[PDB]
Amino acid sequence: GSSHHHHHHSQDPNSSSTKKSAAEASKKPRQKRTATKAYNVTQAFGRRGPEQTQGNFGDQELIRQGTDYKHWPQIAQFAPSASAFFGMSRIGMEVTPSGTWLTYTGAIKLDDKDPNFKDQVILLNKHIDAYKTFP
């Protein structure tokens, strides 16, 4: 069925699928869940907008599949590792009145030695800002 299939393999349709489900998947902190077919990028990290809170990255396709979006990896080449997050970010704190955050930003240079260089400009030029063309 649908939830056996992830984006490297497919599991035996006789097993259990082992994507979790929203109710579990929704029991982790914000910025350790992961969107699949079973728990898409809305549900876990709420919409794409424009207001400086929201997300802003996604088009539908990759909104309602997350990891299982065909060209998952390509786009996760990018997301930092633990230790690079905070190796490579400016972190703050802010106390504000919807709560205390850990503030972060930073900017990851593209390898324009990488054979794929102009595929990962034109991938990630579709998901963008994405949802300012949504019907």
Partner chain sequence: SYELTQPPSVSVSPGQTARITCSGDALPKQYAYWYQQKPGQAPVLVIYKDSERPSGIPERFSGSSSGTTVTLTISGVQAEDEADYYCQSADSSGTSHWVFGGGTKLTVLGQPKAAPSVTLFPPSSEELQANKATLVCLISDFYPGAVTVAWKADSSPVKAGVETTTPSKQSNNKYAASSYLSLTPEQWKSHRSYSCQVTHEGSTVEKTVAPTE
The other form holds:
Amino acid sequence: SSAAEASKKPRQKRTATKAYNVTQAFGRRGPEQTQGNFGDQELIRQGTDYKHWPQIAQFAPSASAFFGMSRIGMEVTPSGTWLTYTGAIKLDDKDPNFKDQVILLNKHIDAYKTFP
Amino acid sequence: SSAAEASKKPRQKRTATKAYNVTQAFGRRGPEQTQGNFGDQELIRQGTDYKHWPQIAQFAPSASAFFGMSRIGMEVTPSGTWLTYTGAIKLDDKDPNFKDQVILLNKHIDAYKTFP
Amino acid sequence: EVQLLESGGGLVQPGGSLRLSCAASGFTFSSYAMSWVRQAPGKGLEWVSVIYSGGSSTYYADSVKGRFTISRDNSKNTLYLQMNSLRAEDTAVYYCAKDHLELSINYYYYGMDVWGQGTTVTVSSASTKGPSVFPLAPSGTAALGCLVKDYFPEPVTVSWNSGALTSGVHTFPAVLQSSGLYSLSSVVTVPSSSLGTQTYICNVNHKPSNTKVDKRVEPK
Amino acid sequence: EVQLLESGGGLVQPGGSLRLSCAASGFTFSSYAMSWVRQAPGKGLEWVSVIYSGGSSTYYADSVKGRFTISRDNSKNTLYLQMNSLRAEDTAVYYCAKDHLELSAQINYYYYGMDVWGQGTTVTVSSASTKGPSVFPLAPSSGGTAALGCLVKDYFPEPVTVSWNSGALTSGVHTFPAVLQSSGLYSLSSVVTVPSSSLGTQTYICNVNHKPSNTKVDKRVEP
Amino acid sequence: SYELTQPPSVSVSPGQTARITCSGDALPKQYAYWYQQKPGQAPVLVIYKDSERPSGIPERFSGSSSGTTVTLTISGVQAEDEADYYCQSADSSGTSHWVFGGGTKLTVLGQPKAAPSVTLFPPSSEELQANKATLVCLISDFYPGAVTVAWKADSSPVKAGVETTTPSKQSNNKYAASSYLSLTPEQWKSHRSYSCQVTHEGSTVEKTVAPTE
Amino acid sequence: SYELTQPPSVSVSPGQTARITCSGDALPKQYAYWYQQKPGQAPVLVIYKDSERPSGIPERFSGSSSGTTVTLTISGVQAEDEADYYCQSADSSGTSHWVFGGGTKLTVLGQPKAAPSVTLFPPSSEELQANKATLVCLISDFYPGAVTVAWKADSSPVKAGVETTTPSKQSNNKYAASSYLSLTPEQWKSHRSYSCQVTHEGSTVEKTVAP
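Would you generate the structure of this protein in the form solved in complex with the partner chain, following the form solved without the partner chain above?
To see the whole picture, the full complex is given below, headed by that same chain.
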């Protein structure tokens, strides 16, 4: 319907759940620059319903921090115009939870490479 | 106080306002890799109180989209451990607001280069 | 000056028919879908029907499907709602609202930012009826009044002592009975020492039925 | 398991003093700040004091500053709260709670909420004097049920227990929670609902025991 | 059909932050839109696409989205902000058009609480001589503008023959209402008394009449 | 003093989404922590650092931040989630420690609405021989647990000498409360009657005694 199309949220405003997983919302994981690479099959399947999602979302920037911390660019190409973003979120290596944080992030980074 | 230090929100969870501007929350704009580059004097002083902040924040990803779209990695340097992120958000060049979106975004990308 | 002006509302009996119109100006009318939105008395907003920019496609809520027909005349920049087989629960204020833009098909929407001021549709079997007025007798401050029963349609005006009495007068908004008729009361607070010495007459006018009735309110 | 066990609560008069203690186990007590949190009856939680891991630094809420002293004995894994100049408004349940962890790098403080609480110890500050209660019969007033009861009025402090027929009668018994009146004394009512036809034949005796005053009383409740 | 759920009423004091929520299963996929409507007026768009303000809307209006719930926020709420607020969105299935939430009445408490004054009139002798009986319960000078009315025959409740108005703002900015109890003259004469019980802010104020004299 | 602001109470039905808000000027810079407390029990941490669940807390508990407001959300709320909820944070000035919000009583409505049973006892004979008089209004078996008591002296409200308890949970999961009216032995023997009116969810219940 036109109303569903007219109010459909863009990629960056979507939220992945069990009813609408990471693949459906943000495409398949892959190595291409246009593709996401984060998440094991559980996180793919469950999205924000993932058990350890609050431990991952603690690293996601707020809207203000996204435009405050990141390096923002504009790419105007014949195939379209893009808002590009790059940045880094510093962990606290002295936090008691630091070792568990590194393990949790590593388990989901490029996890699609193990997928049988 | 210890309670203020123990509950102090990290950089990615902060929100810039007139009472806590972009420089205070996220550091001065600059060319370095861990420096933000986005915002003119107005947005820098006003943060989310900026008149056109909703039109900027429409491009900021949700927590799920941040980890769903971006290429996520982890760097370990003598300074610490970092969660790196890169990505791109396509603009709709057929949207009636597209021309205004590009002008507003280019007004803030590397706006500090022209600061007196 | 973007603007939408509705008309065509009125009083109709159940099973009757009305044709609403909405005249647009200040924007390229033919580029936008247009919707009708209604609101029953004291209820919420209910989207009713939409027609696309070229008038080719129409959609309706289940509550009006098969009875209402939406149409547009882009040469006149006017939107219509043909209302057949009216029901009592179709009684509402009907709003004209600019809907999504369509370009060539993509649909662009930034909320219903332009509304008409609405036209009122009343579906009722009520006939014009003058009210029956009864005194509300009092027992140093006392409350006496006048009961204005079973009149249609609104409004009824009430004065006291031909307007010479205005302090302490409280005329309450009418109740709409399940019968379709209205009733209201007008109470005035007066000193107790005056009850046996000052005459109190409520003056009730109902212009639609050409009725005026004066009722003396005497203490018991 | 991790555990905090408070003790030392009791009844005291305004201007009096009292010392609370909280025994810790299951975690490295000496690495953590410890806090006292109190809750007046029917009110919200109120943080009142903290002592840092080494016992050298202390902070107090404005409401207890100058009257309460927090201290710790890391050789005993025990936290203390010395309460002086007590007021009626200090009447509360006092909770022992684990606060932020301190790590010596600059000392860093790490906090993931107060996940460990003691079960609390109750402190009552009241000028009222101990007094036995006055018991009065609530005679049954004339589909087939009658309500008869006992009024246990003007006693201090809690608790008082009510039985009927030395405890043999329990069905239909409803003892209500006591009211605390402006005089600082309590009054409660215990009512039993019985068949109306039983009124002329069966004996109903309520037994009131106020141990803080050694008051034991039996009141027959006859129509 | 697809439905959006919002609380029927929210109360705030001036200067505080008013929050109105709206929930629906498709809100993680579909934008929401917020409308403000004052009595006798057409709705006004205040927020579109979850969080954007139209040009004429004050900056104290804002919106946010958290999965299946969107929240309209009004910081430093003013008396001018008292209104009905409606959320609007669409199902993701693509078989329907716009749907509105049920609406939220935002009350901005700009006045201390006031119990209603109740005036209860028995049926007039003239009305009884017309073989009819109406009891008139007039309710005035209460704030906030919400009451519930219950009628009693002696001490027993009655449900038939009750017609009550919606609260209406008087000139003094307090609120008024009125309830009517229709009886047969035989019913009115058969009971010892009739009572109009007005519950306001959880507390009840009552008046009773009796077929006496 | 730095204050956190919560609504006094939130009422939901089972399955609905409960939302408890906490407002504070320093919340944009300082994390919040949520605690659940049931009657007669110590508080339990349910959310820390705005949005994280401790181990053992059901997944239907969640938290979020939006500037000066943090929200604790309980999706598909259950009867066992009825409790007092407190938010906790700290000022950013660094001159103070933890502070709790005022607390929010969350009612879940897991039982059918039950109107109260009321029994009003007149002063006893032995009490009158002691120059005292007390009316005893016993209110029981109502749900949910909130009532207001109106004491009348011949359709005239007496607002003096009224001692009323808070509602208390019975073993059958309904609620009880009691109200006492202390009078002089002449106040009671002079009036024509004496009533105890109980209002519960709109509907009212009344008993009456007289010497």
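Whichever C-alpha set is largest while still superposing within 1.5 Å between the two forms counts as the rigid core. Numbering follows the first chain given and starts at 1.
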Comparing between the two forms on the core: of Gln54, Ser26, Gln60, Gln74, the CA moving 2 angstroms or more sits at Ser26
